[PDB]
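Structure first, commentary second.
A single protein chain has been omitted; all remaining protein chains appear in their positions.
Labels A, B and C are assigned to the chains in the order they are written; within every chain, residues are numbered from 1.
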Amino acid sequence: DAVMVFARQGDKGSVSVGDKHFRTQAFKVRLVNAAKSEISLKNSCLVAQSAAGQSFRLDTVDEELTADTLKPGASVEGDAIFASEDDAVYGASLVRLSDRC
Amino acid sequence: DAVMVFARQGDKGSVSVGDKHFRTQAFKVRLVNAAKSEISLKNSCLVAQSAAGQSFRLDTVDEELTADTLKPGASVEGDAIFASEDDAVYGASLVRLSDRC
Amino acid sequence: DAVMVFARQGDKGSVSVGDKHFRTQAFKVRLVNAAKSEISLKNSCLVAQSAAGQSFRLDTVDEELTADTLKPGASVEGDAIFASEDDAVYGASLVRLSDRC
Partner (left out) sequence: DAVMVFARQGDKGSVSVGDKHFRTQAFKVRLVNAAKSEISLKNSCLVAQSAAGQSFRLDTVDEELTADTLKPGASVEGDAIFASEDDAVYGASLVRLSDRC
C-alpha cells in the first residue's frame, strides 16, 4: 500500500546568478504502483537525502513525476534535480516520497 | 582451474518503498572459463565487496550470469546489482565468486 | 541584472609534459541573459571553485563562451576546462562569473 520509488544518480552541476550559488544533483526517477488499489500522491513530495538523514530541496522536476494519483500498475518517470548551497547534495543517495509537504 | 570474473562499475541508485530504503551499485560482469575443463558454478554466487572485506547482498542479476556450468572457453555476461541499507555499497570495488552460498 | 551560469561536471583528466603535470576538470557551461538589458562580459571571466572558496585557473575554453556581451534572451554554451597542479580541481563544484580579471 505504498508507491515504489526507483532512482538512478545522474549529473552533478551548479547554478550561479550574481553571487547566489547552488549545486545540483540530478536523478532519473520512476514511480510504480505495485499494489492493488489507486494510491494518491497529492499530498506527497519527492525528497532526496543522505544515509545520515540530511535532506535536500527539489529545485526542478519533470511534469510526469507530479501526477496526483497512480492507479494500480501505473508507472511515471522523469528527472528530478535537487540542490544545496554548498556541495552537501552530492552525498544525496536516496530519493523517497514524503507526506510532509 | 577457477572462473575469471571481470567487472565494471556502473550506475548508482536507490530503491524506496514506504520507509524501507536501500542503495544500489550496478556492475557489468563477465564470467570466463579460461581453463581446459568444464567448471561448475552451481554452488557458487557473485559477491561484491570493498577492499576492507565488507560484502554486499546481490539484489538482482541478469539470467545469463546464473548458468550452472561454464564449459572451456565459454563466457557469460550481464548486469549484477548489489545493495546496502545505507550508502556502504558505493564502496564496493570488486565482484568475485564465492562458494559459500 | 546579472548573467545566469549553468554548469554540468564533465570529464576528469590530466596533462603531462616532461615533469610538468596538471589535473583537469571539464564542465559544460551555458550563459543566459534573463534580464531586460544587454549585459557586458568584457571584463568578466569564468572561475571554478570548491564550496570552501578555493578557485582554479581556466586552462581552455570554447570560443562561444568568450562573447563580449550578451543581449536580452541571448544564450551561449560550450566546454570550459579548469586545472590544478595537484588533484584539488576535482573538488571544483561551481562555475561562476568574476569581474576581477
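Here is the rule we use: contacts are C-beta pairs under 8 Å (C-beta built on N, C-alpha and C of every residue); 3 or more make two chains touch, one makes a residue touch a chain.
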Under the definition given at the start, what are the shown partners of the omitted chain?
B, C
Given the full complex, what residues of subunit B touch the hidden partner chain?
2-9, 50-51, 91, 93-97
What is the set of subunit C residues that contact the non-displayed chain in the whole complex?
11-19, 21, 23, 86-87, 90
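Definition applied: only the chains that are shown with their structure count from here on.
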Hey, how far is the Cα centre of subunit A from the one of subunit C, in Å?
28
Rounded Å distance between subunit B and subunit C, as computed from the means of their C-alpha atoms
40
